[PDB]
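Encoded as structure tokens, the following chain is the form deposited without this ligand, with no partner shown.
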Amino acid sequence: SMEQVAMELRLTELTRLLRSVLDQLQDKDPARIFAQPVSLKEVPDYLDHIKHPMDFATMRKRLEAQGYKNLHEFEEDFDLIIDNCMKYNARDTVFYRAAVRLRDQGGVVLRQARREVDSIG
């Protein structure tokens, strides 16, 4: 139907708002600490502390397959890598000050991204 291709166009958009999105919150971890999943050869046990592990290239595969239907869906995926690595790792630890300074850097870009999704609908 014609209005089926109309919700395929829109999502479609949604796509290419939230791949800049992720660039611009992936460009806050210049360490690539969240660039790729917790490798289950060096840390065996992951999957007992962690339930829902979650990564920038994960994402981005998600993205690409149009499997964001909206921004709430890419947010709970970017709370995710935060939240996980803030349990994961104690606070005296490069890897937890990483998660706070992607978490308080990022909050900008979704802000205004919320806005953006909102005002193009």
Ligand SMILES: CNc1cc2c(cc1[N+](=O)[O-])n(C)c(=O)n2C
The other form holds:
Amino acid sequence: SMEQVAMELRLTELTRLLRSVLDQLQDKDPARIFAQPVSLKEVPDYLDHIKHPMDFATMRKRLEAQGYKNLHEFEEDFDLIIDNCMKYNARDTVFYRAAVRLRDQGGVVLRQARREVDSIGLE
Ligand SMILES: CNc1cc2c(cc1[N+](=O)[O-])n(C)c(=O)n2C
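Next up, the form deposited with this ligand bound. The previous block was the form deposited without this ligand.
Every chain and every other molecule in the complex is listed next, the one we just looked at coming first.
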């Protein structure tokens, strides 16, 4: 149906916007601390602590499968990256502090993204 095609176009447009957002967020992580899943070789007990691991590569895979239906779902995964890190690592660590900085700098990007999704009507 034409309605189905229209819905699919909207999702493709949302995916394009979220791709730009993801690239911008990842730019705020120049150390690439959040680029890949936390290694279970370097951190053997990680899954005893963190029940829902997340990272930018995993988000990008979901993104390109058009697996984010709205901005909220995308933000939930971004928040997991940050929140997991601030639980596993102590305040004095380079890991915790990277998550704080990514959260702060990312908030700016996500604030305008919400405005764009609403205004253009992508969900
Ligand atoms: C980039 N590498 C990395 C990233 C981590 C991490 C451990 C490593 N590691 O290599 O051992 N932990 C515990 C963590 O929370 N993050 C975000």
